[PDB]
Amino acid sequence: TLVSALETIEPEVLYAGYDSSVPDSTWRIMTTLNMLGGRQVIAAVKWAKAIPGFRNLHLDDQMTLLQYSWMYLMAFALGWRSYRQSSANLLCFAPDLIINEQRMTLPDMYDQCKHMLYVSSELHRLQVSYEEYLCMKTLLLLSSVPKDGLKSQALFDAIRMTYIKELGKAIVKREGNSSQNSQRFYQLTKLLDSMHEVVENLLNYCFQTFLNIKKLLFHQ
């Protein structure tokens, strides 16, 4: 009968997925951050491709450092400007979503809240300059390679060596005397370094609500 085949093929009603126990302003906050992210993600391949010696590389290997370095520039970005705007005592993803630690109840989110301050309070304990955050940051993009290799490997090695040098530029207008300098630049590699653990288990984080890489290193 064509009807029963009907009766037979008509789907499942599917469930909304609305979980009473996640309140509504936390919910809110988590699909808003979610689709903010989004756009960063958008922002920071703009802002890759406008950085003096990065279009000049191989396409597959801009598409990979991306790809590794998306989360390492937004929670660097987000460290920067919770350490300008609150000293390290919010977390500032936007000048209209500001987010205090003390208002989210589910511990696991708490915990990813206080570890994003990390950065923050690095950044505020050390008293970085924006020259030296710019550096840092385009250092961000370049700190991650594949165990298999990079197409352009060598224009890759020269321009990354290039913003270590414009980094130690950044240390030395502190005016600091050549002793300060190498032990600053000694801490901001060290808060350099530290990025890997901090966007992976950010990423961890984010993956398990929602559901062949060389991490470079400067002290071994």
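Positions refer to the first chain, counted from 1. Rigid core (definition): largest C-alpha set, two forms, superposition within 1.5 Å. First, how it differs from the form deposited in another entry.
- With the core held fixed, the Cα of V22 is displaced between these two forms by 2 Å or more.
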Contents of the next structure:
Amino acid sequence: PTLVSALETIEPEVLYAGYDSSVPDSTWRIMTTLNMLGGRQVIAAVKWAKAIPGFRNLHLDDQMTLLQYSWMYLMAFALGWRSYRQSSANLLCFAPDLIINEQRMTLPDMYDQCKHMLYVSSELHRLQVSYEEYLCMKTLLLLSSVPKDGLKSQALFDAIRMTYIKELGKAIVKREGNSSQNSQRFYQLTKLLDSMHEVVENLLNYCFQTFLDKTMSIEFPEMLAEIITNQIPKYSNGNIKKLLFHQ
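In place of the form deposited in one PDB entry, output the structure of the form deposited in another entry.
No partner chains or extra molecules come along with it, only the chain itself.
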């Protein structure tokens, strides 16, 4: 079987919010439900990441580092895709029973962040992104940030990253053809992945409740998910090589 179809099978079922819409709107209840959903999304993200080809073959300290940097990248990109595939970048589709209109979030500080999240769906809409392109792109967001000093299994990471870069290229070829059109498209899609660093920096700034200097050296996925969930870690930019396709 193809590497895209392996990424397609491991992609989880959509989570439902468990939210009553027939009752009158309570912003307290929405935010409570979002927090419960976000915790469940981190369980699903870690489970997904461990099923990615190549990821298991890395060192466990490398595996737990990548997920610590990349959890918000994955959730916010997937949010972009769902919002794109449902409403066409008008509504924030957190779950099928928890769709938030932008005009509902009237507060400037909340509105500002909804724009950052809607930017991802807008660009997915603008570039008319394929489901196979999304799958490769999402895998590259797991592999988008590295420690400054470096990983333990650094040479294997590079080879894992470059094969998923090639797999994005393969997903571009299936659209139509022409070397000019493909190169330009590969530019556009990598420019979006680059811009996710600036998107996530805002979203993390908004919600983080613990600042750490370096990554925590965790071994086990049951521990990891609880560490991310309870304290919502922001790791300092000085010790992260944020990988970019373009300067």
